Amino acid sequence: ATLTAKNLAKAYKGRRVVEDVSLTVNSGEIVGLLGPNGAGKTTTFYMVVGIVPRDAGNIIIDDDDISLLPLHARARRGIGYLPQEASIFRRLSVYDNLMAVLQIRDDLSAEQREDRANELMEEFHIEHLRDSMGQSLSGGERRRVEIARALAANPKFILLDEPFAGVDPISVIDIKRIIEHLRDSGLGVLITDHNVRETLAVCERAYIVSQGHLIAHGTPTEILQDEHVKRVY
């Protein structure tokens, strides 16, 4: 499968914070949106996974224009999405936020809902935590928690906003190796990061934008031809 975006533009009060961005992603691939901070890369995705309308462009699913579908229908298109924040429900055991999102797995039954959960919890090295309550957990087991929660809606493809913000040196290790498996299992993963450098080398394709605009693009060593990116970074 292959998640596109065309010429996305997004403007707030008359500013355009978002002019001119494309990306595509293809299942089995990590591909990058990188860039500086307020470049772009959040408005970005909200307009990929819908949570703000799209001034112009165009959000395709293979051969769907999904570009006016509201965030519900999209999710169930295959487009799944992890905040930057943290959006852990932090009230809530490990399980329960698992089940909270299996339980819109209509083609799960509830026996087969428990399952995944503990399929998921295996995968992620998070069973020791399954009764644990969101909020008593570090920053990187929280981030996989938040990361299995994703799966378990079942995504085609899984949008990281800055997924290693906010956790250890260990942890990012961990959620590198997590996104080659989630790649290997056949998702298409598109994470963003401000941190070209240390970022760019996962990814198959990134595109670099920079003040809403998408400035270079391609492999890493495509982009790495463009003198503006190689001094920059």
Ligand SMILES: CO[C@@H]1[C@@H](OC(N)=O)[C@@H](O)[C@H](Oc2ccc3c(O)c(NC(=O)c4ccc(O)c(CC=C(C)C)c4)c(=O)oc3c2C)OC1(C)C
Given for the second form:
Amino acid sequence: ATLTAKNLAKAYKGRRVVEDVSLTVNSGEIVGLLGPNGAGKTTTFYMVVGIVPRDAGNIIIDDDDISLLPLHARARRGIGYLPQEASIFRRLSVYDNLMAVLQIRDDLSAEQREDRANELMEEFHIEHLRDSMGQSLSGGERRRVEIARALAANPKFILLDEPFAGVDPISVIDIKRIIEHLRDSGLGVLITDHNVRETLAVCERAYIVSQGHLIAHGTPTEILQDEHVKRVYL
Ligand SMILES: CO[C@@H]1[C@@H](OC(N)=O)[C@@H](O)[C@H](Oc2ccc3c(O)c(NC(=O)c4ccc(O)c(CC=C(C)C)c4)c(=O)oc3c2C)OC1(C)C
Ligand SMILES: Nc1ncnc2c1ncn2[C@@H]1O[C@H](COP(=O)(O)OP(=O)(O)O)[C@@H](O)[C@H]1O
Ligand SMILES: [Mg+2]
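How about the form solved in complex with the ligand, since we already have the form solved without the ligand?
Below is the whole assembly, all chains and molecules, this chain first.
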């Protein structure tokens, strides 16, 4: 399956923070959207996920233009999303965090949701945290719960907004292995970072964004030799 954004644009108070951005991510690849803080990476995700109204552009899955669908209807079409900052429910257990999403899985019985919650906890190595409150977890543990919670919806694409932020060095390694596993599972993974070299290594290809504009696309090796990328990071 293919997720495509075309000619996205967004302005705040007359300032165009995203302008004419197009990108695509297919099942089974990790695609980066990388660039400085304030370049418009999150705004682009917001428009793809449906969180803020776009000023221009289209969001498409395969042959379906879903531009008019709100966030939760786009989710049913397969779009998953990891917010940039904490989004775990801070005073709900890890288990109840998973069940907040598993409760919308109409394809599952009571027992099957419990099974699926248990499988997700094993898969993401959080089963020792079942009754722990979200607030009581480290940044890395919270991150694993947040990713498991998005997967409870069974998305086809997952947009990871700076998944390494606020996570200690050891947990970063674990999140990287999670990302590879999500890709091996058939998800198209779109990931943002401002630290280009580190995240670039885990991408099959990446778009580079600067001041709301796409300036380059390529494999990591092409990006690191791209003259437009270079004249931006002089
Ligand atoms: C399956 O996920 C669902 C979502 O559904 C979809 N389709 O994504 C949606 O139903 C809901 O989505 C939420 C639910 C809660 C937050 C949430 O709590 C977030 N965090 C913040 O808003 C936030 C986090 C830190 C921070 O310093 C500030 C600044 C604002 C202040 C202090 C007022 C804000 C956030 O960005 O996204 C959130 C989102 C996307 O709950 C999920 C995540 C279980
Ligand atoms: N609601 C808003 N009102 C005004 N400016 C905003 C709003 N949301 C984001 N911005 C600004 O738009 C620019 C792009 O932000 P953002 O997409 O979050 O960047 P990043 O690339 O760091 O994810 C920044 O200058 C940010 O402060
Ligand atoms: Mg951001």
